[PDB]
Amino acid sequence: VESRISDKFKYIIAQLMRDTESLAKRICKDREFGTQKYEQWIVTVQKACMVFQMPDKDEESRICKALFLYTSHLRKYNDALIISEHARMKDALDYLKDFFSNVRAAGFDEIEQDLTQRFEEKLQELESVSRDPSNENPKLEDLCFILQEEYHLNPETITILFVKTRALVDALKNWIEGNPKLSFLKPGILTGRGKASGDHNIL
Amino acid sequence: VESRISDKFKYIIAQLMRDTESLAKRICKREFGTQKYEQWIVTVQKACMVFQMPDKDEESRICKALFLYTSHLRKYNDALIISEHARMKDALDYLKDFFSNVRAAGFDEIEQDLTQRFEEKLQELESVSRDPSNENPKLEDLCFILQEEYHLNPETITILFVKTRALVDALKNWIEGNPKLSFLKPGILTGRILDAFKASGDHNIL
RNA sequence: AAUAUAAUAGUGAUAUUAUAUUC
RNA sequence: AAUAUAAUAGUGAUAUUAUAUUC
Ligand SMILES: *O[C@H]1[C@@H](O)[C@H](n2cnc3c(=O)[nH]c(N)nc32)O[C@@H]1COP(=O)(O)OP(=O)(O)OP(=O)(O)O
Ligand SMILES: *O[C@H]1[C@@H](O)[C@H](n2cnc3c(=O)[nH]c(N)nc32)O[C@@H]1COP(=O)(O)OP(=O)(O)OP(=O)(O)O
Ligand SMILES: [Mg+2]
Numbered sequence: 463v464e465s466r467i468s469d470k471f472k473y474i475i476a477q478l479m480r481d482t483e484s485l486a487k488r489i490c491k492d502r503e504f505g506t507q508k509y510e511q512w513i514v515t516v517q518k519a520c521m522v523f524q525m526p527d528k529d530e531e532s533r534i535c536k537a538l539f540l541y542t543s544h545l546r547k548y549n550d551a552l553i554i555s556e557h558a559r560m561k562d563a564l565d566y567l568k569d570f571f572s573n574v575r576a577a578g579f580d581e582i583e584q585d586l587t588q589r590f591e592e593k594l595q596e597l598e599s600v601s602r603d604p605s606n607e608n609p610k611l612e613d614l615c616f617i618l619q620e621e622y623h624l625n626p627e628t629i630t631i632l633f634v635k636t637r638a639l640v641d642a643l644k645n646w647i648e649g650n651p652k653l654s655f656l657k658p659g660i661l662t663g664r665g666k687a688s689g690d691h692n693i694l
Numbered sequence: 463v464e465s466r467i468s469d470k471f472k473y474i475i476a477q478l479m480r481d482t483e484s485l486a487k488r489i490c491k502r503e504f505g506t507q508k509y510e511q512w513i514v515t516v517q518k519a520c521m522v523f524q525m526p527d528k529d530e531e532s533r534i535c536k537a538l539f540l541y542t543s544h545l546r547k548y549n550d551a552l553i554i555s556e557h558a559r560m561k562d563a564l565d566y567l568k569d570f571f572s573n574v575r576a577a578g579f580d581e582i583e584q585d586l587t588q589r590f591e592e593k594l595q596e597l598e599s600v601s602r603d604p605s606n607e608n609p610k611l612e613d614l615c616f617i618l619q620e621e622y623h624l625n626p627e628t629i630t631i632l633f634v635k636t637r638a639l640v641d642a643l644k645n646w647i648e649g650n651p652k653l654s655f656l657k658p659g660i661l662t663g664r681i682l683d684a685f686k687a688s689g690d691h692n693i694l
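Protein chains in written order, with the UniProt record's numbering: chain E, 463 to 492, 502 to 666, 687 to 694; chain A, 463 to 491, 502 to 664, 681 to 694.
Please note that a few of the clues may not be correct.
To be verified - Partial list, computed: chain A residues near chain E (C-beta under 8 Å):
1) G578
2) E581
3) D585
Worth flagging that the hints you see were computed from the coordinates, not collected in a lab.
For every residue, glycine included, the Cβ atom is placed at its ideal position computed from N, Cα and C.
Please model the entire structure based on the sequences and the hints provided.
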């Protein structure tokens with residue numbers, strides 16, 4: 463199949479990656504978005520920020536915490552880009568929302584509050600952009616076609632759906648029951664433990 | 463002995479107290505450095521725990537807020553009492569200890585601002601603390617008694633009873649930090681030592 | 001803590017991440 | 001968790017804080 467033709471989501475979130483790496487661009491004294508290359512880069516950067524040293528140790532702690540947080544948010548945004556490449560944009564948005572929910576649960580950090588604030592500024596525009604039926608990815612459409620045809624021919628069909636990541640497991644889990652056309656499907660989840688006659692039609 | 467002269471420290475701390483009180487009085491509708509104020513601020517703190525709103529998260533933030541404000545108010549009060557029974561440096565060290573422990577636990581939006589408001593009066597407070605004219609007459613008289621009694625008898629085992637642990641640490645630091653009391657080697661006895685407190689031991693006063 | 005697989009970077013020993021398993 | 005003492009409001013049972021102790 464074909465990749466989705468236009469990213470509004472990535473267009474605006476590349477601005478949050480840019481603004482976050484601009485914030486990082488304030489404190490630093492010193502590649503494509505949505506790829507594994509950027510993940511490797513941001514991980515190596517995160518490991519590079521830990522070894523930076525100053526005579527004042529507390530200031531050092533402040534800016535190191537800052538850099539760690541910035542690179543972390545960057546990583547999560549990247550993850551969102553990928554997730555929405557392989558799934559709905561609602562799933563990526565909800566990934567980020569889960570992320571910031573956890574962050575809010577952690578405690579109030581000046582940096583975290585800032586970043587979450589700048590994210591919340593773009594939230595309306597974002598949810599505006601994934602509620603539209605126009606933006607549904609070609610891959611999920613084709614998958615929907617396959618499932619529809621196969622279950623039309625054989626309603627008793629048992630399916631098993633393999634995906635690379637657990638995030639995508641949750642993503643398609645929600646995508647199936649969030650899809651009116653797929654209503655004949657009774658999804659189920661199979662993953663690992665770590666950090687026909689029944690009614691589950693698809694696993 | 464008479465109570466202290468004029469307290470600039472108490473004036474500053476009082477202003478901070480009524481400012482914090484203004485922060486707390488924004489939401490809801502007897503002097504400073506007294507036990508009465510302590511009972512009052514306790515009952516008030518308990519009254520803020522009954523505060524209820526249809527919105528539970530905003531309620532959470534508000535009750536947390538009032539808890540923080542009442543807490544800092546309490547600590548201010550205690551600091552005033554300590555300054556009354558001891559050096560001003562002891563009170564400022566008490567407050568510094570408190571705010572340090574507050575910093576270590578992580579900063580809420582509000583605690584950061586309270587710490588910020590304390591920080592600006594910190595320089596003036598210390599400026600008052602380093603002022604010799606402001607010294608406590610109680611400690612004057614105590615120092616006098618110790619001086620006389622140890623002058624007449626160079627070997628004297630003293631035991632000094634005080635009300636609170638804060639005064640124990642305060643008077644320990646006061647004895648260790650007084651040039652006139654240099655003949656003293658203080659020691660501490662509190663609740664949850682004695683063999684070194686003898687006449688042949690390392691401790692003259694306990 | 002160890003192990004396997006996959007993608008990515010590197011000529012490669014490797015490295016990062018993802019996934020799974022074991023002790 | 002219980003017990004004692006002190007200060008404090010209440011006429012008082014009590015209550016708050018402080019101090020100390022015990023299981
Ligand atoms: O260095 C490791 C290791 O010493 C110890 N550890 C944790 N789980 C195991 C295990 O299954 N087998 C062995 N031999 N050793 C183990 O913990 C250290 C690291 O702690 P982690 O934070 O990685 O462990 P945690 O439980 O938080 O994560 P995970 O085990 O689920 O992946
Ligand atoms: O309700 C109390 C009680 O059940 C239990 N507890 C704590 N200390 C004791 C004790 O010495 N003897 C008995 N019988 N029971 C005890 O803990 C509950 C309350 O916990 P706390 O936070 O008050 O106890 P903590 O250790 O944190 O403080 P402290 O009393 O030792 O100073
Ligand atoms: Mg005292």
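Against the structure, the hints:
Hint status for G578(A) relative to chain E: holds, with the closest Cβ pair at about 6 Å, below 8 Å. For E581(A), the shortest C-beta to C-beta distance to chain E is roughly 6 Å, which falls under 8 Å, so the interface hint holds. Checking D585(A) against chain E: minimum C-beta separation of about 12 Å lies over 8 Å; hint violated.
Hint 3 alone, counting from the list given before, is not met by this structure.
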